[PDB]
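With one protein chain withheld, the remaining protein chains of the complex are depicted in position.
Chains here go by letter, A and B, matching the order in which they are written, and residues are numbered from 1 within each.
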Amino acid sequence: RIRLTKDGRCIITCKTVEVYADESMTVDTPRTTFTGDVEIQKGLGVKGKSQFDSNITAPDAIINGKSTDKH
Amino acid sequence: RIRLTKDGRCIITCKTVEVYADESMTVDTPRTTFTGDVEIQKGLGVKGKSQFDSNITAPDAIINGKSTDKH
Partner (left out) sequence: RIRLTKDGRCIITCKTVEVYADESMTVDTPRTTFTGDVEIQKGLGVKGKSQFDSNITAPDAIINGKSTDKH
């Protein structure tokens, strides 16, 4: 079920949503919110400041060009 | 091509998917998986625990309120 709304809401309601985009997907919006968990299966780039409210885990963190595991 | 499915799958299959949402997008699902790379062009907030399986790179990491580049 895909509802389009006067007032400007686009609502997709189902069990699973599967997007297969051969080349790319672009989400052009001021803010995107995921209510659950997220997995990224290749890499991540982030331009702006990031806050993690809980602990992060990483094999190493390269800070201002310097190793953290080996500093 | 957008398929809606008895059994509850919503399948969007194309070359590129472009979402232009003037105000916001909200994805309310227990788990979202991206098979490829992801870029976030403003900021990131994450509530729960994060694991990075590979090295991360950052100009600085502010840990429990303390600089890592300058500690």
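Definition applied: contacts are C-beta pairs under 8 Å (C-beta built on N, C-alpha and C of every residue); 3 or more make two chains touch, one makes a residue touch a chain.
**Q** On chain B, what residues meet the omitted chain?
**A** Considering the whole complex, chain B reaches the absent chain at 1-2, 8, 10, 12, 14-64, 66, 68.
**Q** Which residue numbers on chain A touch the omitted chain?
**A** Contact residues on chain A toward the absent chain are 2, 4-5, 7-61, 68-69.
What we mean here is this: only the chains that are shown with their structure count from here on.
**Q** Could you please state the distance in Å, as a whole number, between where the Cα atoms of chain A are centred and where those of chain B are centred?
**A** Result: the chain centres lie 1 Å from each other.
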